[PDB]
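> These are the residues of each chain, in order.
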Amino acid sequence: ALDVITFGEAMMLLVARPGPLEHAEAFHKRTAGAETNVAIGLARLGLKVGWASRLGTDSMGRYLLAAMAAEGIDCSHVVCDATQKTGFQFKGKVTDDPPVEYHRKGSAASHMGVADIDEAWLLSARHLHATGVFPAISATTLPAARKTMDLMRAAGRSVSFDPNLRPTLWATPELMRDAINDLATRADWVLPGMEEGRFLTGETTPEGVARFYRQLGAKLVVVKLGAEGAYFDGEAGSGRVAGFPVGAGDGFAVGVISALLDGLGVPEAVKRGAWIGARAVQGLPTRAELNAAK
Amino acid sequence: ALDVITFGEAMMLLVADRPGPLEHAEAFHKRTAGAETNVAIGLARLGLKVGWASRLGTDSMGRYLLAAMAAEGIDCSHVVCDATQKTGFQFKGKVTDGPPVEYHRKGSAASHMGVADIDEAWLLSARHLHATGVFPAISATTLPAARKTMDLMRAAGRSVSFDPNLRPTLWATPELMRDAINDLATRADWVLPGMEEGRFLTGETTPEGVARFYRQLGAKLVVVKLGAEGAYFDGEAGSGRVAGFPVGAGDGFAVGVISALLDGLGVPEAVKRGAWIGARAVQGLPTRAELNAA
Ligand SMILES: [Cl-]
Numbered sequence: 026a027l028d029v030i031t032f033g034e035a036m037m038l039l040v041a043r044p045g046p047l048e049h050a051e052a053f054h055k056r057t058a059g060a061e062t063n064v065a066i067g068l069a070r071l072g073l074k075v076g077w078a079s080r081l082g083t084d085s086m087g088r089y090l091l092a093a094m095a096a097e098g099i100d101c102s103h104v105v106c107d108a109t110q111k112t113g114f115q116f117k118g119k120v121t122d125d126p127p128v129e130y131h132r133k134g135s136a137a138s139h140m141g142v143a144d145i146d147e148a149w150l151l152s153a154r155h156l157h158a159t160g161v162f163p164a165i166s167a168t169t170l171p172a173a174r175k176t177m178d179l180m181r182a183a184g185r186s187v188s189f190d191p192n193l194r195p196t197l198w199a200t201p202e203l204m205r206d207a208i209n210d211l212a213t214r215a216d217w218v219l220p221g222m223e224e225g226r227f228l229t230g231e232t233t234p235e236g237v238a239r240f241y242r243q244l245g246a247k248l249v250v251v252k253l254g255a256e257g258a259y260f261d262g263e264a265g266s267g268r269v270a271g272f273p274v282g283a284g285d286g287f288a289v290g291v292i293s294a295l296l297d298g299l300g301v302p303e304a305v306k307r308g309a310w311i312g313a314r315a316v317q324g325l326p327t328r329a330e331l332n333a334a335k
Numbered sequence: 026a027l028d029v030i031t032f033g034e035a036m037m038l039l040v041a042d043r044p045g046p047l048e049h050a051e052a053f054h055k056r057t058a059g060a061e062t063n064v065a066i067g068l069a070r071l072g073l074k075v076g077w078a079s080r081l082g083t084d085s086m087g088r089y090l091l092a093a094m095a096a097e098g099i100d101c102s103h104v105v106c107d108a109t110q111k112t113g114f115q116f117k118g119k120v121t122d123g126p127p128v129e130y131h132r133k134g135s136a137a138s139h140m141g142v143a144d145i146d147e148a149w150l151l152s153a154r155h156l157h158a159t160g161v162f163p164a165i166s167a168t169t170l171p172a173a174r175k176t177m178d179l180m181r182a183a184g185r186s187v188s189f190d191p192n193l194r195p196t197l198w199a200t201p202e203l204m205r206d207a208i209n210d211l212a213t214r215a216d217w218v219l220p221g222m223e224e225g226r227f228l229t230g231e232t233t234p235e236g237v238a239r240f241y242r243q244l245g246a247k248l249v250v251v252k253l254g255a256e257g258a259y260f261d262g263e264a265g266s267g268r269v270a271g272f273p274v282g283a284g285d286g287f288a289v290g291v292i293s294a295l296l297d298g299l300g301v302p303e304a305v306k307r308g309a310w311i312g313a314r315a316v317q324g325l326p327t328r329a330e331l332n333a334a
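Heads up: the sequence lines are chains D and A, in that order.
Note that the first sequence covers residues 26 to 41, 43 to 122, 125 to 274, 282 to 317, 324 to 335 in the entry's author numbering.
Note that the second sequence covers residues 26 to 123, 126 to 274, 282 to 317, 324 to 334 in the entry's author numbering.
Heads up, a few of these hints could be off.
[Unchecked claim] Here are the simulated distance ranges between beta carbons:
#1 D297/D x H54/A: 40 to 48 Å
#2 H49/D x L203/A: 35 to 43 Å
#3 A96/D x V128/A: 23 to 31 Å
No lab work stands behind these hints, which were simulated from the structure alone.
By construction, the Cβ of each residue, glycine as well, lies at the ideal position given by its N, Cα and C atoms.
With the rest of the complex left out, here is chain D:
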C-alpha cells in the first residue's frame, strides 16, 4: 500500500535581515521538522510516504498540512485537533549557523502516544523510518516510538533508525544515551554519524560504532564519516564508500532508504546517500536530478 511511514513533529519556521530576533521587522515562512525532511526527500523521489503526527486547527497547522500534501505525502494520519496547538520556531539571518529559537513545549505532536498508533495502517507500509527526534519530544512519545518499531519488526517490515541527537529535548545526556541505544535495539538499519557514535558507544572507530550496533541486533549499520564518505557493516559484509567534494544527514538518510527500497545494493545505496548528503548541504532532489547525475 505504501513504501515508508514516519512519525514526527513539523513546525512552522519563521525566518527573519540579520541581527537579533527581537529587532527583525519581517519573517518568511518555511517548514521545519526532522522526520518530515526525510518524508519530503522520499516523496520527491517518487516513493509513497505517509506521515503520522498531530496539529492544531489553526493557521500554522493548516499551512503545514498543505505544504506536506503538496510534496506528495499521505497526511491521512495527521490528526488535526482544535484543542491543541502547532509548534513554530524562529531563525535569524546568518552572514558568517543561525541560532534557532523553538516554541514547541506542549504542542499537539508532544501529546502523541501509543494510543495514536493505527496498527493496521502502520503495517500497510514496507518500511518505517525512525529518528531520535520524535522519541525525544515528550514523556508520551518515547513509548510511542518504541511500539512503532516493535510492531513493525514483528510484522517482518523494514525498520530504519537514525540516532539523531538533540540534547535540548532530553533531561540528561545519560538519559538520551540510554533511550537512543535502547531504540537501536529495535532497528534493522542504523545510520549513525561518527561523532554521535563516539558519544553513544565510546568507540573511536567506524568499525567500532558498527560492531556495537550489530551486537544490539541490526542487519545493517552505515556510519557517516563526512568528507571521507561512509563506512558500512552488513550481513553481506563491510567496506567504505568515497563520498563527495562540497541537512547532510537527512539527505544521506533519503539516499540509503530510497535505494535499499528500489532494490539496490548496499554500496550503491550508500553512494546515493553520499550524493544527496553532499548535494543538499547547498534542495532535496527529484528522480529527474537523481538520474541525471549518473
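Given the structure of chain D, go ahead and fit chain A with the ligand onto it with the hints provided.
Chain A with the ligand in isolation, oriented as in the chain D frame:
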C-alpha cells in the same frame, strides 16, 4: 510620580504581507497588540508619565514587546519577564477590503497574573488607573486582580477609568461577561462605553439610559461613544453631546478623554479630544505635536 498606570497583556502581532487567507501568506510584519497597551502608547505619546504592569516570556517575542513598549517612554519596571512562561502572539491577515485575528494567547505569562502581582505602593504613586474589559477576561486569576486594582485606587481617592470592552471568546458564558464587566463598573469614576456594548450591558437603547445605568452604579462620569455621531457625556457638572469628526477607534477615544481630564481640561473639550483621536485612528496615535495642530 506617574500620571497613569494600566494592567494588561500585550502580544506580538504578525501581519500578513498580502490579502490571502492566513495559511497562504509567505511573509509577516511585526507590530504590537493589546488593548491596555495601545492606550498606554497614546497617553505616552501625548507626554504623560505612564507605567505598564504585565508578564512576558524572555523569548524573543517577549523581548520585542518589552523594548517596543519602552521606546515609547512607558515605565516598564513592573513588567516581569519570567523565563518559565510564554509570550502571547497573534496573526492578522490584510484586507483588500472587508480582517480576522487569530489569537495565540492561552496559558501565556500575562494570563498567570493575580493579586500577588500588584505592587501597592507603586500603583498609588500614579494619579490615575485605566482599566478595560480585556485584562479581567484573561484567566480566572486576572479578575481578582482587576477588582482589587480598582478598589485600591479608589479608597486612596485616586482616579479610575473604565472602558467596558467586550471580548466574548475570553468569557465562559456571555452572561458572566455581563455580570462581571458591570460589577467592575462598580469601581470606576469614569465609564467609557460604546452604544453597542451599552445596549448589551444595560438593556437600554438610548445613550441617556446607558449613561444613567452607570451613574446609578456610582460613576462620576459616563461618556458614551457614538461612532461618527460623536459622543454623549453624563457627569456631575451636567450632560451634553459632542459632534465628532468625519472620515482601533475606541482606544483613540479613551486616550483622548483620559489625557484631557488629567491635563486639566473640562469634560466637553475632553470628549472632543477623545473624538478627534478616535476619528484619526479610524483612518497612528498622535504626538502632542500632531495634536497641537487644531
Ligand atoms: Cl487585546
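> With reference to the structure, classify each hint as holding or not holding.
Here is how each hint holds up against the structure:
1. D297/D x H54/A: 40 to 48 Å: At 45 Å between Cβs, range holds.
2. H49/D x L203/A: 35 to 43 Å: 41 Å, holds
3. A96/D x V128/A: 23 to 31 Å: Given a distance of about 27 Å, which is inside 23 to 31 Å, the answer is holds.
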